[PDB]
Each structure stands twice: as structure tokens, then as C-alpha cells.
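*Asks:* Throw the hints in and build the complete structure from the sequences for me.
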Amino acid sequence: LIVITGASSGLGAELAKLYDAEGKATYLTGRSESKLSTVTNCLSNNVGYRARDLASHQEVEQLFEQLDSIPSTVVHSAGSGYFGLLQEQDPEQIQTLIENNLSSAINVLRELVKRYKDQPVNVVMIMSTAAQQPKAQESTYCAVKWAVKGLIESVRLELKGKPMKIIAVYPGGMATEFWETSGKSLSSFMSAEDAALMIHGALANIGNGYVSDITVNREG
Amino acid sequence: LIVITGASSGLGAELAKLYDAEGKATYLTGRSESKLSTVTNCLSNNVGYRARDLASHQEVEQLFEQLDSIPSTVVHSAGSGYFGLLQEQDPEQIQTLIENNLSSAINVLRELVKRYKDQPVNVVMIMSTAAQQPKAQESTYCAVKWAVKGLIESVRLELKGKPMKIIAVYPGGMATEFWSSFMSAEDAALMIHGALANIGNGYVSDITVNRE
Amino acid sequence: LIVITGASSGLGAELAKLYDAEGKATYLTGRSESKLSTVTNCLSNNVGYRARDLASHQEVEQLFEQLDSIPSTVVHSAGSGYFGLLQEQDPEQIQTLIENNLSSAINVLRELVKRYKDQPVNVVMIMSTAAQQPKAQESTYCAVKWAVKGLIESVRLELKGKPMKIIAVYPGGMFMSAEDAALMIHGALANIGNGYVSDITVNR
Amino acid sequence: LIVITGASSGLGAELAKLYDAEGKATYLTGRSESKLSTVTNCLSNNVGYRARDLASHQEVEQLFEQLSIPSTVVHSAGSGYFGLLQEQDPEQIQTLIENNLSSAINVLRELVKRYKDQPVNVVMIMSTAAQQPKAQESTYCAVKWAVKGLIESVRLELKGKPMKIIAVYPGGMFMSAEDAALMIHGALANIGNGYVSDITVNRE
Numbered sequence: 001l002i003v004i005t006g007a008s009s010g011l012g013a014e015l016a017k018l019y020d021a022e023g024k025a026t027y028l029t030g031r032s033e034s035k036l037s038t039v040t041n042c043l044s045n046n047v048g049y050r051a052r053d054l055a056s057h058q059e060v061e062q063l064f065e066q067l068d069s070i071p072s073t074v075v076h077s078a079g080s081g082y083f084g085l086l087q088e089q090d091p092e093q094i095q096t097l098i099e100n101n102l103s104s105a106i107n108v109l110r111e112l113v114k115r116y117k118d119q120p121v122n123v124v125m126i127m128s129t130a131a132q133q134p135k136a137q138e139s140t141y142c143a144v145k146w147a148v149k150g151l152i153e154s155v156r157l158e159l160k161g162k163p164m165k166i167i168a169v170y171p172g173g174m175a176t177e178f179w180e181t182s183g184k185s186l189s190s191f192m193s194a195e196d197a198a199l200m201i202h203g204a205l206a207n208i209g210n211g212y213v214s215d216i217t218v219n220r221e222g
Numbered sequence: 001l002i003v004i005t006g007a008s009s010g011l012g013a014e015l016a017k018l019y020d021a022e023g024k025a026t027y028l029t030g031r032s033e034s035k036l037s038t039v040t041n042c043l044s045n046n047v048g049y050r051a052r053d054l055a056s057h058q059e060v061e062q063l064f065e066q067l068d069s070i071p072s073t074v075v076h077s078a079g080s081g082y083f084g085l086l087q088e089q090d091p092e093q094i095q096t097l098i099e100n101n102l103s104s105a106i107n108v109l110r111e112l113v114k115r116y117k118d119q120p121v122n123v124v125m126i127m128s129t130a131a132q133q134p135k136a137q138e139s140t141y142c143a144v145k146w147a148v149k150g151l152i153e154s155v156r157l158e159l160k161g162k163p164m165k166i167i168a169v170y171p172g173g174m175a176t177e178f179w189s190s191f192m193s194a195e196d197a198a199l200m201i202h203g204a205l206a207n208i209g210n211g212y213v214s215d216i217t218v219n220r221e
Numbered sequence: 001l002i003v004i005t006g007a008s009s010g011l012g013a014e015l016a017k018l019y020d021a022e023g024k025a026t027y028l029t030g031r032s033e034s035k036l037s038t039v040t041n042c043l044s045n046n047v048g049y050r051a052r053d054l055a056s057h058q059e060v061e062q063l064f065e066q067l068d069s070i071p072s073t074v075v076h077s078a079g080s081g082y083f084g085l086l087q088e089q090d091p092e093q094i095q096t097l098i099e100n101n102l103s104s105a106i107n108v109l110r111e112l113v114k115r116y117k118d119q120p121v122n123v124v125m126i127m128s129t130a131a132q133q134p135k136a137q138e139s140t141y142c143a144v145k146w147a148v149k150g151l152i153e154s155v156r157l158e159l160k161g162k163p164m165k166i167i168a169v170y171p172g173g174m191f192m193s194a195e196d197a198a199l200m201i202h203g204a205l206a207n208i209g210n211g212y213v214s215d216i217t218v219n220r
Numbered sequence: 001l002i003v004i005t006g007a008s009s010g011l012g013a014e015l016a017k018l019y020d021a022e023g024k025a026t027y028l029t030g031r032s033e034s035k036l037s038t039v040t041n042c043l044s045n046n047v048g049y050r051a052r053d054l055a056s057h058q059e060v061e062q063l064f065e066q067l069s070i071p072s073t074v075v076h077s078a079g080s081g082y083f084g085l086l087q088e089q090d091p092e093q094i095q096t097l098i099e100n101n102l103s104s105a106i107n108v109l110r111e112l113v114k115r116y117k118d119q120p121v122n123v124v125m126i127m128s129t130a131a132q133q134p135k136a137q138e139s140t141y142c143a144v145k146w147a148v149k150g151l152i153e154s155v156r157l158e159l160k161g162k163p164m165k166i167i168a169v170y171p172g173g174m191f192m193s194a195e196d197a198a199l200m201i202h203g204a205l206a207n208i209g210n211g212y213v214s215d216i217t218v219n220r221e
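Residue numbers (the authors' numbering), protein chains in the order written: chain D, 1 to 186, 189 to 222; chain C, 1 to 179, 189 to 221; chain A, 1 to 174, 191 to 220; chain B, 1 to 67, 69 to 174, 191 to 221.
Hints listed in this document are in silico derivations from the structure and should not be mistaken for laboratory results.
Listed below are several chain B residues computed to face chain A (Cβ distance under 10 Å; list not exhaustive):
hint, residue
1, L86
2, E88
3, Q89
4, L102
5, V144
6, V148
The calculated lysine-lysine pairs, modelled on BS3-like cross-linking and capped at a C-alpha distance of 27 Å, are:
hint, chain 1, residue 1, chain 2, residue 2
7, D, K114, D, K160
8, A, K135, B, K114
9, C, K160, A, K160
10, D, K184, C, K160
11, C, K162, C, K117
12, C, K114, D, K135
13, A, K165, D, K135
14, D, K184, A, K165
15, D, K165, D, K117
16, D, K135, C, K117
17, C, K162, B, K135
18, C, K24, C, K35
19, C, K165, B, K135
20, D, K135, C, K162
21, C, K165, D, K135
22, C, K24, C, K165
23, B, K24, B, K162
24, C, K160, B, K135
25, D, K135, A, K160
26, B, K135, A, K117
27, B, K117, B, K165
28, A, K117, A, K162
29, D, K135, B, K135
30, A, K135, B, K135
31, B, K117, A, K135
32, A, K135, D, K160
33, A, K165, B, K135
34, C, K114, C, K160
35, A, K117, A, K24
By construction, the Cβ of each residue, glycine as well, lies at the ideal position given by its N, Cα and C atoms.
*Replies:* What follows is the structure in C-alpha cells.
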């Protein structure tokens, strides 16, 4: 079983399609049941979807309780962008950023470790290149993405000797959440389709080595 | 004028006593009016204190709104610890942790940039060596300290060319991250206070203080 | 053409085997002429090899001057280990460690940028997880691996707006086998549509 | 006793003057005996100086052989060299590696060998170049990153020993050697149960 968050659009939905196309069972979550339906009606081996607000620890606990089996992979791709000079940023929108990126990540990973730490699960945490450097006009975005990286690098240490593993993925140059201060009318981006193809290829480990951390970037 | 947050106790209280001794005017904030008064009884040049919840951006706006002049240094030392293996951590307490560390840091820094980016204010952001490395049983605490590091490294890029500077401070080995051999708030404060220097065309932009 | 350094044995040899097996032409370099002969005897699409001291800028300049074509990929896997508490390390071996790891990476990447920065070459720089963290009893190995990461991260900034790309690879201790790391590295590196895998870390 | 490398001029020379004014005994080394003489003529508490090539482990071994046990060792020896990597001269790159990385390794190794069980504060002065990549500074970044990998590794090896490594990262030396000296000398402290372990100094 492959559980995918943020699966109603973007990288999460494109990953769903590649796993489904390999014949594998997927369970999809996102905020919009309407959008989830449309993704899931392209699939042929999908075993469910459920709209959830991952910023709610109660909703995340129910998400995993209702599954029929232990997932073999969980891909966390939920998140959102918000940008601008710090003094121009709206605090309510900053709070939403924290909820959608950091809270969602903490609630999902905590629930995974609670339930499945002694199970061979591959937890794929999708972050952003913003997790690894600072960026002008992205201060709170970097803040929440750096927060997720500190979380996963710590939890990796708590998972020493356990079969659960965390895989860190850092995309850059996708629509999902990019910020240009000027440009021509928006090949401006790495498509979700192509990012998902590369991420999926790298995670398909056929030997005794595995890819623990991967960065994928647009060329330009 | 030196504005100190987190000044009810710990590092921020001990810093206030050092600035005060040099004959510098302080304005203190913390969550307990009562603890703030006890700190202020130690001081002879204080120009006021006020309880504030820094997680509220409106309270932070009003904190700086009621000041009679432009601070020369602002010391942000507000924060709290919470610890344990992640499965053992209580979600409500994790939410409090995010509030006390990340929300408070964001609100204070945002308000400082808004009002004072074009003034020579030294903004001293006190974090933790948890901001610099991952630590087992401190995953959400690392998360919020890493978050604050990313915030400030990004705002430093926005402040290019401007007179406002952010100074990053990373203490480790203090009692407040224990989950006699620890470094004391008074010792850490003497070191941070001594080290903070702007001499000639330079300044100490980043400092790490540890126990040995 | 795929040019592979450090291909006398270990990871570089194993990668050469994988590329060869997809039908791609390779050209190998390493310290041992005889080990290179042995590796290439296994290969069916190899177009040569040349023993070289990569610590010598002259020998590296010759390596690339003798080549007939602009390579499409260059895989830099030359390196060596040496371990121990710093006080127990021999300075003569520390100097060999700097030559094999840092000097080699500098000379190869310098020659590549000099000749090919304006060509769509994928330069795959293999370092170590020792490039990303400090390690007790590996202080000088961390030193040379960190050096290489500082180098490549700086050159990436110089290559802004140019077609040459640097791909960073961080394998754990090899512990993995050289064969297992090669499989995963070869399997993960990709350039699809508008994007590419820029950095990978591989562990057991 | 404060032993200072890179003391023939610049930052090490300015630090010597500060410690000397406090009445502290200094022993100075650098590349030029003549410049060391000029610096030491300003001092009233100096107990010697000696020209040394720190890239030579034998000369470093003898530097410490002929010396009491130092209380602080300040390592400020180093040098700069810049330019796009393809424009850099490989002989100047080799000099960069010798002056920065070999010097740091030899000094720190000798110190750990001799004094790891003594309360010595070892102040390793690097550069903000150690902390980030920089275009036109690829090899300088390489050597400074290398030293940071070295020290962060040796710090793990020193866990539970009285010797402490202090990391200093100067940036922008419009910042003068004199004012960088003041803030560094000003910030280092071992008050109570704690110490300043890492300092970054930048220009206003």
C-alpha cells in the first residue's frame, strides 16, 4: 500500500499515477474530495481517498486508523507557498503557511512513528530546495521548510536501528511554490510530471543501496 | 534604549542586568508582570516593563507602538523547551512550542523590520545550538529553532544595504534544554554581552556559547 | 562519450560496467595501467583507457587534449580513504590523501570548465557522506571531502546560465559494496524534460 | 602563554599586540623572520618568535618541541587567491592548499598530539568562505571548508578532554585587521562553566 498526501494536484497526484500504472495500490489524501475524485478516477488500482486537514492531529489519527493494511510507502507531499518581503507579509497568511507545511508534516510523521516505527515503511518527505538555503522574499517559507528538515533529521536519529526509514526529497523550480520578482510571461518550470518521473525512478531501489536524499532542479 | 524580550528569567533577565550595570536604559517584556517586576528590582536604569504574549502579532505591534524612542538594540530571548521521542510528544504542547518559539520570533522580527529597517538597530536573535544540528528527543524543538535560523538568514538577505543588522546567538549546554555541570544564564550572559561588539567597520554577527 | 576517473577499481569500475551494459561508449582513467586493462577487457563498447596522476595538472590537461570528442558525461570517482585519530595519522599519508582526493577533483573540474563549460556536459562529482558531516577518526577524510563540496558548490555559482551542470553524489561508506552504490547511483541520475537530479545521497 | 601563527602581519600581528598590552606572554610564528622582528619590537612581554613553514610537519614538530605548555594557540596563518576556476594558476592553487589546509592540519595535529590532555584553547581562524560557496573563490572555499571539516571532526575526538577548539570566521577583511583583532580578542572568553566556541565577525 502507498499512502500519498497532497495527492489532489501537483507532484502528489503525478506520483499517484506512476505508482498506479505499476499496478500498485494507492490511498490518496488532500483537502478537496472533489479534486481527489478526479485524480482517483484516472487510476485503476486505487483503494480509496479521503479529504483531510493534516493540520488537525485528530484528522491525521483518523486517516491512518481507517486504513485496511500497513502501508509500505508513505509519501508526504502536502504544503503550500507564500512569499514577499517579511514586512509585507500578512500574519494570517503566515499562520496558514505554518499549518499547511510544518503542522501537517509533524502530525503525519508523528502518527507514522507512533504506529509503524517497527515496520519496514519508507516515509518519503517532500520538502523544497528552500529547506537547504535562505532566500530573499521567502523568509517564512524557508522557515517552515527548514523546520521540516530539522524535524526529519532528528527523527532519523530516533529511528536508528529501526526498519522505518525517512527519504528526503528537495524539489526546486516547480510551479508548486516559486517566486519571481520579474520576468517574461510564464518551460518556466520543472513540470510535476517530470519531477515525479525522476523521484519515482530514484526511489525504485532494486539492490542493497537506497537513495536517502535527493534534490531535483529545473535546468535553465 | 535596549528592548529585551524573554526578560522575566534566564538569559534575557541576566542580559538586562549587564546592560543596566553599564548605565544603559532597558525596556523589558516577558509573560509574567510579576517576574518582570522582580527583575526590575535588580536594576537602576530601567525605563519600564510590560507583560506581552509575543505569539500575538497585535500585542507585538503595541509593544513597539508605546515606545518613546527608537531602540538601539533589541534582544529577542523569548522561547521555551519541550522534549521527548516524537511519538511520545503531545500535539497541544507541540503547538505551544511552535507559538513560543517560531511565531514569537516571526512577529518580533517582522515588526522590527517594518518599523526600523532603515535605522541602526542591532537585532539580537537568541536561538539554540539545536538550530544548527538535529538531536534525538528534540525533534520539534530542533524544528522550531531551525525554523528561526532560516527566517533570520533569509531576512539578512532582505536587509542587504540597510543599517539594521541581525546578530545570531546560539547557546548550548544550559539547564533549559535538559531532558551543576551546565553553563549558567549569568555566565552565558556575560559571554554574549562581552562578545557583542560593534567596533570600527565590523561586528560580531554570529556567536555560539557552549559549556566545557 | 562517458569519461570515468577512478575507474581502476571500486565504484568507478562498477559504473563503467553499467554504462557499457546499456551500449554507451566509455573512456577510463585511473592510477593503475594494469587494473585499467583488466576492467576494460570486460567491456564491449569501451574506446580506451589511460593511466594518469590526477594530482598533476599537466597529466590532466593531456588526458582531455588527447580526446577526440566533447564528452557528454564525466564521472569523477577518483579518491582514497585514510583513517585514524588525528594524532595517530602519518603526515606523509595525509599528504597522499589531499593529492588523491582534493588535487584530483580540482584539476579535473578545472580542466572541464576550461574546455567545456559552454557545452551540455553532465559532470558527476562523487564525494562521500563524509562531505556533509564531521566524523571521529576521519578528520582528514572529512577535510578533503568537505573541500570538494566547497569547490563544487562555488563552481556551480560560476556556471550560472551555462549549459554545463555539476551533479553531486554522496555515497556512504563502501558498508555498501561498490557494486550496490553504482547500481543506485546509475539508477537515480536522470535528466527528464525541463529538469535533472542535481544531488543524491546513497546509503545501505 | 599565547602562541600565535600567521603573526608576521595582518590579523595575527594585531592580536599579538592586544594580548601583549594585557601583559600576556606571546610566542609568534610566521613566514618571515624580518616581519616578525618588526612586530615583536612593539611588544614588551613577548618570549620569542620564529619563522616556520607550517606546510612542513617537521618544522611544526620543531616549533612546539623548542617551546612551556601554551594556554591559548591562535592559528591565523593562511592566504587568499581568487578568480574564476579556469583562470586560476594550478601552482598558485597548490600554494593555497599548502598555506591554508596543510598548515591547519599540521598545527592542529601537533597540538592534539602534545597537549590534548591539557586545558589549551585552540583558536582556529578560518573565513566566512568556510560557511558558504562563493563565485571566483572556489579553491579558497575548498581550503576553508576543508579546515572546518577537520576541526568539527577533531572536536568529536576531543569530547571529554580539556583541550577546546574555538572556530572563528572573519568576513570582509573593508574590516581592518585591527578591528577584526579587537572584536575577536574581545569575544573569546572562558567564563564560568562555559566558553565562546564559535564566532563570526563581519564588516558593517
